[PDB]
Amino acid sequence: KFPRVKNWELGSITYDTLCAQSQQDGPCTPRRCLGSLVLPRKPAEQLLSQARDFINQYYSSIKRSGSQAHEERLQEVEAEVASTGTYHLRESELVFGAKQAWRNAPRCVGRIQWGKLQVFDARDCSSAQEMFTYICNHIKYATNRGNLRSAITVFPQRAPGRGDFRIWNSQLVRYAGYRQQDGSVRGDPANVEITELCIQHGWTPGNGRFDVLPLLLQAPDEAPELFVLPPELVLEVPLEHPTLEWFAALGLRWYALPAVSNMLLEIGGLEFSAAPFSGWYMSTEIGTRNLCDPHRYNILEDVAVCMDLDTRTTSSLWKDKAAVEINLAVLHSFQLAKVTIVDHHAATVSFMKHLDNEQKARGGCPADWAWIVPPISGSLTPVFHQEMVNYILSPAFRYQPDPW
Amino acid sequence: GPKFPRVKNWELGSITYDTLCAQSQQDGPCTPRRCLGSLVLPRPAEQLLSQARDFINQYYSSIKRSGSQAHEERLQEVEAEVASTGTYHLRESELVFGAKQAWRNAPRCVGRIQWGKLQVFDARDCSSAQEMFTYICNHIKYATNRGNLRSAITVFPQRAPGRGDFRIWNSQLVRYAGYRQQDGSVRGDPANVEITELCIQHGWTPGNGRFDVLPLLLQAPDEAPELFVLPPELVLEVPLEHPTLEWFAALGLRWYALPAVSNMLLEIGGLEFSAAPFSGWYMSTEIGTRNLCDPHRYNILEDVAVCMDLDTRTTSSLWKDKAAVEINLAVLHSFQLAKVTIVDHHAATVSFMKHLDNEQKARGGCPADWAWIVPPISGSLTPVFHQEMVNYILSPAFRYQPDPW
Ligand code: HEM
Ligand code: HEM
Ligand SMILES: CNCc1cc(C#N)cc(OCc2ccc3c(C)cc(N)nc3c2)c1
Ligand SMILES: CNCc1cc(C#N)cc(OCc2ccc3c(C)cc(N)nc3c2)c1
Ligand SMILES: C[C@H](O)[C@H](O)[C@H]1CNc2nc(N)[nH]c(=O)c2N1
Ligand SMILES: C[C@H](O)[C@H](O)[C@H]1CNc2nc(N)[nH]c(=O)c2N1
Ligand SMILES: [Zn+2]
Numbered sequence: 069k070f071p072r073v074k075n076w077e078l079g080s081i082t083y084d085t086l087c088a089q090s091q092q093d094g095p096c097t098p099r100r101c102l103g104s105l106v107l108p109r110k121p122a123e124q125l126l127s128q129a130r131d132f133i134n135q136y137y138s139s140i141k142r143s144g145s146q147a148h149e150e151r152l153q154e155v156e157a158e159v160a161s162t163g164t165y166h167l168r169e170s171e172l173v174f175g176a177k178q179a180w181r182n183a184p185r186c187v188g189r190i191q192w193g194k195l196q197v198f199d200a201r202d203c204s205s206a207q208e209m210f211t212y213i214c215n216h217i218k219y220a221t222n223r224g225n226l227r228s229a230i231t232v233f234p235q236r237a238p239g240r241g242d243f244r245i246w247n248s249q250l251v252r253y254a255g256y257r258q259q260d261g262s263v264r265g266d267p268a269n270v271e272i273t274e275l276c277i278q279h280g281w282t283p284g285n286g287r288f289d290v291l292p293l294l295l296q297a298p299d300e301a302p303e304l305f306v307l308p309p310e311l312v313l314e315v316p317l318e319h320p321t322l323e324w325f326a327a328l329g330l331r332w333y334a335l336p337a338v339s340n341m342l343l344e345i346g347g348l349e350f351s352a353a354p355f356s357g358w359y360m361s362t363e364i365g366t367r368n369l370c371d372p373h374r375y376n377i378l379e380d381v382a383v384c385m386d387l388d389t390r391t392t393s394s395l396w397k398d399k400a401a402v403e404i405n406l407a408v409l410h411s412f413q414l415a416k417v418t419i420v421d422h423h424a425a426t427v428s429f430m431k432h433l434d435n436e437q438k439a440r441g442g443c444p445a446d447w448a449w450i451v452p453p454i455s456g457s458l459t460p461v462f463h464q465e466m467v468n469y470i471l472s473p474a475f476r477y478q479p480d481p482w
Numbered sequence: 067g068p069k070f071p072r073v074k075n076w077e078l079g080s081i082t083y084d085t086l087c088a089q090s091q092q093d094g095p096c097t098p099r100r101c102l103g104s105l106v107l108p109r121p122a123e124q125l126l127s128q129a130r131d132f133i134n135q136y137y138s139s140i141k142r143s144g145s146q147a148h149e150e151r152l153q154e155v156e157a158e159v160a161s162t163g164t165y166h167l168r169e170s171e172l173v174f175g176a177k178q179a180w181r182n183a184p185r186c187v188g189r190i191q192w193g194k195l196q197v198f199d200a201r202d203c204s205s206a207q208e209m210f211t212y213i214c215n216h217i218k219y220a221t222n223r224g225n226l227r228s229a230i231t232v233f234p235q236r237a238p239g240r241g242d243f244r245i246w247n248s249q250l251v252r253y254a255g256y257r258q259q260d261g262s263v264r265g266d267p268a269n270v271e272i273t274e275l276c277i278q279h280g281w282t283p284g285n286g287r288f289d290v291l292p293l294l295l296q297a298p299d300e301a302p303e304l305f306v307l308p309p310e311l312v313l314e315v316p317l318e319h320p321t322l323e324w325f326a327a328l329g330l331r332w333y334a335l336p337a338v339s340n341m342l343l344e345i346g347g348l349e350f351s352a353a354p355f356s357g358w359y360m361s362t363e364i365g366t367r368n369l370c371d372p373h374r375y376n377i378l379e380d381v382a383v384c385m386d387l388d389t390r391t392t393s394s395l396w397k398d399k400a401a402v403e404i405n406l407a408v409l410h411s412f413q414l415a416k417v418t419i420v421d422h423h424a425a426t427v428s429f430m431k432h433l434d435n436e437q438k439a440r441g442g443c444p445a446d447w448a449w450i451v452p453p454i455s456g457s458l459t460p461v462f463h464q465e466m467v468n469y470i471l472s473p474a475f476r477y478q479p480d481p482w
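Just so you know, the protein sequences line up as chains B and A, in that order.
Here the first sequence stands for residues 69 to 110, 121 to 482, where the numbers follow PDB author numbering.
Here the second sequence stands for residues 67 to 109, 121 to 482, where the numbers follow PDB author numbering.
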């Protein structure tokens with residue numbers, strides 16, 4: 069029945085009863101667990127039941143279940159689906175749903191912040207040009223001169239027999255990755271494909287390691303359009319180390335704003351194929367994954383050599399030492415520039431508080447241990463020793479196929 | 067595509083499919099509705126006979142005599158034996174194969190590249206706690222080999238119907254005492270408070286150091302457990318020092334050479350070996366990160382960080398990460414200097430990737446528990462972080478079992 073959940077550092081035990089509210093299967097079966105897999109392998123009645131469940135969630139949230147307005151709204155949704163095969167959300171429902179989808183995201187360690195989310199309604203958008211304007215305003219609001227504010231902008235929902243609104247870029251701000259003839263890559267290797275799409279769609283490329291990409295924005299059944307972001311809108315933090323002077327000379331930097339733009343937002347059965355959302359960075363995303371992954375900037379060996387570490391053997395722990403200093407430079411640099419950032423210790427400590435809040439509030443919290451535990455110093459954080467239960471609740475953020 | 071889990075390595079972009087999972091005869095804790103993969107400890122002659130037949134089939138495949146007259150005769154012999162006694166018995170070569178297969182099958186072990194090289198000591202003739210002690214001492218001496226460690230397992234008699242189990246009460250053959258103090262704190266290893274108190278209840282004169290080696294509490298069938306002190310010359314330890322931080326040696330830290338787990342159950346063909354201690358050599362993060370830095374273990378992080386003169390009043394100094402790295406380095410350097418076998422988390426995980434490739438060819442997959450395989454510091458700096466894994470139960474298996482008391 070209900071899973072018993074133990075924290076092995078504290079010996080404390082909870083029971084997840086929230087998982088009973090899941091209506092979608094994940095990838096595991098009794099025969100085998102597939103929890104470490106990154107991506108999933110792959121009528122009106124279904125829509126209506128999801129819509130009803132969501133409207134119920136909404137009215138429960140404002141403490142008006144069974145009220146006159148609740149009953150009426152359910153009738154509206156019914157009548158609209160029955161006549162048109164679909165329906166539309168009111169702005170307040172949309173705001174509630176967006177917050178819930180963040181709240182429900184099992185891979186997000188940042189969910190203590192979930193109720194604080196600025197929601198821009200961009201559902202009255204009819205062109206790529208219009209999308210660009212909203213995106214620019216989103217970035218301006220969210221960046222806020224370094225005092226970062228979580229935000230989401232929601233473009234029109236998918237409709238049957240019509241192409242989707244899509245942002246082709248995986249994030250609103252990304253660095254170009256240029257493939258050199260000698261097989262190597264200049265810039266960010268994770269972005270080679272989008273970089274090439276941009277050029278093919280008319281972009282005049284740079285040739286640096288940190289060239290901010292233009293956006294490819296797509297209105298339904300139209301070819302994507304290219305828009306260069308005004309450089310003053312894109313706040314960036316040059317990286318230096320608090321004690322190691324040669325570090326600044328590495329010419330490293332990162333953008334302030336993590337804004338994911340290729341995920342699908344699902345609310346009450348309705349799907350929003352373009353709904354980019356941003357918060358602020360946890361230092362390890364930059365210092366560990368983006369800069370140290372072998373298939374990203376891969377700077378570990380460079381930094382270790384500048385530290386005069388013995389790269390001959392793994393047993394010198396040169397990689398571990400370099401990684402720590404790189405993460406330190408990220409924290410120092412962001413703090414020096416007055417740009418919001420949170421280290422992995424403070425973040426995971428906030429997440430434990432969040433688990434506790436959610437236990438009292440809903441009787442559980444879906445969480446993906448492999449993603450919640452940071453990529454360095456895992457067991458040095460409280461989340462490592464916390465058992466977690468992973469399941470899919472809706473409203474939800476989902477992966478969706480690439481539009482090309 | 068193929069009707070089997072598809073497994074991707076995100077560093078290299080390479081793809082495999084796990085077909086081995088189809089062989090799993092036992093359910094784990096997950097369902098389509100919720101994944102419970104992070105949970106540490108998740109919850121009949123014909124049942125015996127089917128497990129027995131499956132194992133005998135595995136054995137004869139492994140020697141390429143599947144379908145042979147000897148295969149069919151051994152099957153007949155196991156059925157006869159279960160029919161007239163309710164149980165059966167493994168031949169020596171079957172026991173050796175089963176023990177190795179149990180190790181090969183262990184999803185949480187990063188050290189499985191070595192699975193073929195395991196010295197199996199058959200102790201199924203043991204009939205007293207005294208004799209268990211002799212077997213255990215011999216195991217330790219062989220496995221320790223003055224620092225050139227050798228993987229080994231010693232197998233004591235199986236569970237028998239209407240007869241008490243052989244049990245080793247201790248969780249490992251070598252463990253440090255944990256003494257609860259009057260102020261509520263613990264001196265030594267807090268993990269070992271209960272066993273320490275049990276040893277005292279059974280007549281042990283306790284010490285009062287941070288690193289007192291515990292005596293062994295050994296139990297022969299239907300007998301009270303008896304106490305046995307390990308002769309200190311048999312327990313190899315390594316004092317911890319740091320290659321450049323000269324003060325680290327003054328901390329007086331140390332650890333033992335031999336990780337020898339003694340409270341797990343070896344299951345083979347439905348037979349249950351309740352006492353079957355097994356040993357290898359350490360991966361350095363087990364000592365340097367978990368045993369020494371866990372808040373509920375020795376918890377030395379702040380002490381080290383203070384000696385290093387770090388700012389422990391704020392998380393953003395990364396004092397915890399810095400201290401933890403130097404502690405791990407001290408473990409590695411000290412074991413290396415002492416010429417005692419040890420492997421760092423980088424070399425270990427790299428060897429595990431080799432093991433995955435070996436097993437992909439040999440068996441079409443490898444059961445692996447991602448959360449346990451990925452080391453507790455520097456996770457994404459190791460290749461296994463970026464490797465998707467499929468987790469399932471295969472038998473022969475090592476299993477958790479309830480404590481005898
Ligand atoms: C406010 C500060 C925030 C912090 C510190 C934070 C932290 C993180 C981190 C560290 C990850 C793992 C990322 C990775 O390894 O690639 C993550 C994932 C995620 N975050 Fe948050 N986040 C924040 C805000 C938000 C907001 C505002 C939303 C949505 C409204 C959100 C939704 C998500 C989702 C859906 C994922 C999983 C993405 C995936 O499955 O690939 N986060 N977050
Ligand atoms: C030869 C060197 C070996 C290395 C470097 C090694 C490494 C490891 C590590 C790091 C763990 C995780 C332990 C923890 O976090 O508590 C582990 C677990 C495990 N090892 Fe290995 N190991 C070795 C040999 C062996 C041998 C010889 C056996 C059995 C014959 C074995 C069976 C197991 C089992 C069953 C577990 C998981 C136990 C559980 O589920 O709690 N290992 N090993
Ligand atoms: C699984 N492949 C990688 C990946 C794919 C997709 C997709 N499609 C989305 C991904 O989101 C990572 C993410 C998303 C939002 C974040 C926010 C708001 C803040 C923050 N600090 N970090 C964040 C990280 C990651
Ligand atoms: C105590 N933490 C949970 C725990 C419980 C039980 C039980 N019941 C067993 C456990 O085995 C960890 C283990 C086992 C064998 C190892 C070998 C041979 C070598 C090595 N380097 N490390 C090893 C670690 C761990
Ligand atoms: C194979 C594994 O699931 C994959 O590398 C995951 C592991 N954990 C992660 N955790 C976070 N936060 N982000 C990631 O991209 C990943 N990648
Ligand atoms: C909650 C979580 O499952 C638990 O802390 C696990 C995580 N991964 C681990 N991995 C290893 N190797 N050993 C452990 O004890 C643990 N503990
Ligand atoms: Zn699972």
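Warning: the hint list may mix true and false statements.
[Unchecked claim] Examples of chain B residues toward chain A, derived with CB under 10 angstroms:
#  : residue
1  : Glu274
2  : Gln278
3  : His279
4  : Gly280
5  : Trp281
6  : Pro298
7  : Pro302
8  : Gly347
9  : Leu395
10 : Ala424
11 : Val427
12 : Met430
13 : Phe462
[What the hints assert, rightly or not] Below, simulated DSSO-like cross-link-like pairs (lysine-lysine); rule was C-alpha separation at most 27 angstroms, straight line:
#  : chain 1 : residue 1 : chain 2 : residue 2
14 : A       : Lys218    : A       : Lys431
15 : B       : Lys416    : B       : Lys69
16 : B       : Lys74     : B       : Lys431
17 : B       : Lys110    : A       : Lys416
18 : A       : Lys194    : B       : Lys110
19 : A       : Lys141    : A       : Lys416
20 : A       : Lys416    : A       : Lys69
21 : A       : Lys416    : A       : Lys438
22 : B       : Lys110    : A       : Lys141
[As the list claims (entries may be wrong)] A partial selection of chain A residues facing chain B, derived with a Cβ cut-off under 7 angstroms:
#  : residue
23 : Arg100
24 : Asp299
25 : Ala301
26 : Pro302
27 : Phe305
28 : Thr391
29 : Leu414
30 : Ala415
31 : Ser428
In short, the hints are calculated from the structure, not lab data.
Note that beta-carbon positions come from the ideal geometry of N, C-alpha and C, so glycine has one too.
Status of the hints after comparison with the structure:
At its closest, the beta carbon of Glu274/B sits 17 angstroms from a beta carbon of chain A; the interface hint therefore is violated under the 10 angstroms criterion. At about 22 angstroms, the closest approach between the beta carbon of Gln278/B and any beta carbon in chain A exceeds 10 angstroms, and the interface hint on this residue is violated. With a least beta-carbon distance of about 25 angstroms to chain A, the hint placing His279/B at the interface is violated under the 10 angstroms criterion. About 29 angstroms separates the beta-carbon of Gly280/B from the nearest beta-carbon of chain A, more than 10 angstroms, and the hint is not met.
Evaluation of the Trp281/B hint against chain A yields a violated restraint, the C-beta minimum of about 25 angstroms exceeding 10 angstroms. For the restraint placing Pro298/B at the interface with chain A, the shortest Cβ-Cβ distance is roughly 31 angstroms, beyond the 10 angstroms limit, so the hint is violated. For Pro302/B, the shortest C-beta to C-beta distance to chain A is roughly 25 angstroms, which exceeds 10 angstroms, and the interface hint is violated. At about 19 angstroms, the closest approach between the beta carbon of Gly347/B and any beta carbon in chain A exceeds 10 angstroms, and the interface hint on this residue is violated.
Hint status for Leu395/B relative to chain A: holds, with the closest Cβ pair at about 5 angstroms, below 10 angstroms. Interface restraint check for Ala424/B: the shortest CB-CB distance to chain A comes to about 5 angstroms, inside 10 angstroms, so the restraint holds. A cut of 10 angstroms between beta carbons decides the hint on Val427/B: the least distance to chain A is about 8 angstroms, and the hint holds. Checking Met430/B against chain A by beta carbon gives a least distance of about 13 angstroms; that is not within 10 angstroms, so the hint is violated.
Taking 10 angstroms as the C-beta cut-off, the interface hint given for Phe462/B holds, the closest approach to chain A being about 7 angstroms. This hinted pair does not check out: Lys218/A and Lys431/A have alpha carbons roughly 30 angstroms apart, beyond 27 angstroms. Restraint check for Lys416/B and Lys69/B: not satisfied, since their Cα atoms lie roughly 48 angstroms apart, outside the 27 angstroms limit. For the proposed pair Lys74/B and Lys431/B, the alpha carbon gap of about 15 angstroms is at most 27 angstroms, so the pair holds.
Between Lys110/B and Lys416/A the CA atoms are separated by roughly 51 angstroms; this puts the pair beyond 27 angstroms, and the hint is violated. Our distance criterion of 27 angstroms between C-alpha atoms is broken by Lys194/A and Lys110/B, whose separation comes to about 40 angstroms. Between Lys141/A and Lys416/A the CA atoms are separated by roughly 40 angstroms; this puts the pair beyond 27 angstroms, and the hint is violated. Between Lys416/A and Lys69/A the alpha-carbon distance is near 49 angstroms, which puts this suggested pair outside the 27 angstroms criterion.
This hinted pair does not check out: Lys416/A and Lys438/A have alpha carbons roughly 35 angstroms apart, beyond 27 angstroms. For a cut-off of 27 angstroms, the pair hint linking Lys110/B to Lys141/A is broken: about 39 angstroms separates their Cα positions. Nearest Cβ of chain B to the Cβ of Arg100/A: about 4 angstroms, under the 7 angstroms cut. The hint holds. Against a cut-off of 7 angstroms between C-beta atoms, the interface hint on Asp299/A is violated, since the closest Cβ of chain B lies about 33 angstroms away.
The beta carbon of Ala301/A is not positioned within 7 angstroms of any beta carbon in chain B (closest approach about 29 angstroms), and the interface hint is therefore violated. With a least beta-carbon distance of about 26 angstroms to chain B, the hint placing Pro302/A at the interface is violated under the 7 angstroms criterion. Annotation: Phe305/A was flagged as interfacial toward chain B, and the flag is violated, the nearest CB pair being 30 angstroms apart, outside 7 angstroms. Interface restraint check for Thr391/A: the shortest CB-CB distance to chain B comes to about 9 angstroms, outside 7 angstroms, so the restraint is violated.
Here the hint on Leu414/A is broken, as its CB sits about 12 angstroms from the closest CB of chain B, past 7 angstroms. Below 7 angstroms, beta-carbon pairs count as interface contacts, and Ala415/A has none with chain B, the closest being about 14 angstroms; its hint is therefore violated. At about 11 angstroms, the closest approach between the beta carbon of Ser428/A and any beta carbon in chain B exceeds 7 angstroms, and the interface hint on this residue is violated.
Violated hints, listed in ascending order, are 1, 2, 3, 4, 5, 6, 7, 8, 12, 14, 15, 17, 18, 19, 20, 21, 22, 24, 25, 26, 27, 28, 29, 30, 31; each of the other numbered hints is respected by the structure.
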